[PDB]
Amino acid sequence: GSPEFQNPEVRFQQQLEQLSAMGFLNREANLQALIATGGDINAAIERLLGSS
Amino acid sequence: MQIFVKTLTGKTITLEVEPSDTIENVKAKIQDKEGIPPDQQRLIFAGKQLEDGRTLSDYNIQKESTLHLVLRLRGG
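First to last, the protein sequences are chains B and A. When the count follows the entry's author numbering, it moves up by one through the first sequence with no breaks and lands on 587 for the last residue. When the count follows the entry's author numbering, it moves up by one through the second sequence with no breaks and lands on 76 for the last residue.
Some hints here could point you the wrong way.
Incomplete in silico selection of chain B near chain A, CB under 8 Å [claimed, not checked]: (1) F547; (2) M557; (3) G558; (4) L560; (5) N561; (6) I580; (7) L584.
Computed list of chain B residues with no C-beta within reach of chain A, every gap over 10 Å [unchecked claim]: (8) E539; (9) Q541; (10) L551; (11) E563; (12) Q567; (13) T572; (14) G573; (15) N577; (16) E581; (17) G585.
Computed footprint of chain B on chain A, listed as stretches where at least three residues anywhere in the stretch have a Cβ under 8 Å from a Cβ of chain B [what the hints assert, rightly or not]: (18) 53-59; (19) 62-74.
In case anyone wonders, no lab produced these hints; they're calculated from the structure. Just so it is clear, CB atoms sit at the ideal spot from N, CA and C, and this is done for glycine as well.
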């Protein structure tokens, strides 16, 4: 239906599929990194692995 | 031993390393193959960041492992 992406239970659902496919055990932080970028997964992971 | 190195872009680089190799040592090999300077190279394993001042024995890296090399671009 129409769930909230902010909810850690969802974790974007689709965006998390790419994050986990690139070898990343983090979940919550990834949801934030995805918001900070706005869909830019590569730019997210780059900074995400460094800090937040 | 053999290993697999997939970049954040999705590139799959095949290289050779020893259980006594260092993170920096691997970076040099990758630099030779590709060309990207080690300073712009980042080694991530299962989300865990492999620090340059570490060994393959620190995070217990085995053979046939899949390492993810993130490329932190300084430009835009």
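Results of checking the hints against the structure:
Interface hint status for B/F547: violated, as the beta-carbon distance to the closest one in chain A is roughly 16 Å, over 8 Å. Satisfaction of the interface hint for B/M557 is found here, the shortest Cβ-Cβ separation to chain A being roughly 6 Å, below the 8 Å cut-off. Taking 8 Å as the C-beta contact cut-off toward chain A, the hint placing B/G558 at the interface holds, the least distance being around 5 Å. Below 8 Å, beta-carbon pairs count as interface contacts, and B/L560 has one with chain A at about 4 Å; its hint therefore holds.
The criterion of a C-beta within 8 Å of any C-beta in chain A is met by B/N561, whose closest approach is roughly 5 Å, and the hint holds. Because the closest C-beta pair between B/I580 and chain A is about 6 Å apart, less than 8 Å, the hint holds. Evaluation of the B/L584 hint against chain A yields a held restraint, the C-beta minimum of about 5 Å falling below 8 Å. Every C-beta of chain A lies more than 10 Å from that of B/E539, the closest at about 24 Å, which supports listing it as non-interface.
Chain A leaves B/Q541 outside its interface by the beta-carbon criterion, the shortest separation being 21 Å against a cut-off of 10 Å. The Cβ of B/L551 lies farther than 10 Å from every Cβ of chain A, with a closest approach of about 12 Å, so its non-interface assignment holds. With a closest Cβ-Cβ approach of about 12 Å to chain A, B/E563 is found to remain outside the 10 Å limit, as its non-interface label requires. For B/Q567, the shortest C-beta to C-beta distance to chain A comes to about 15 Å, beyond the 10 Å cut-off, and the non-interface label holds.
Listed as outside the interface, B/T572 is consistent with that label: its C-beta sits roughly 13 Å from the nearest C-beta of chain A, beyond the 10 Å cut-off. For B/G573, the condition that its CB be more than 10 Å from all CB atoms of chain A holds, with the nearest at approximately 15 Å. For B/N577, the condition that its CB be more than 10 Å from all CB atoms of chain A is violated, with the nearest at approximately 5 Å. B/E581, annotated as away from the interface, has a beta carbon of chain A within 10 Å; the closest lies near 5 Å.
With a least beta-carbon separation of about 7 Å from chain A, B/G585 fails to lie farther than 10 Å from that chain, contradicting its non-interface assignment. A stretch counts as covered by a chain when three or more of its residues have a beta carbon under 8 Å from one of that chain; for the stretch 53-59 of chain A and chain B the count is 0, and the coverage is violated. For the stretch 62-74 of chain A, the stated coverage by chain B is satisfied: 6 residues place a CB nearer than 8 Å to a CB of that chain, which reaches the threshold of 3.
In this structure, the earlier hints numbered 1, 15, 16, 17 and 18 are contradicted, and the remaining ones agree with it.
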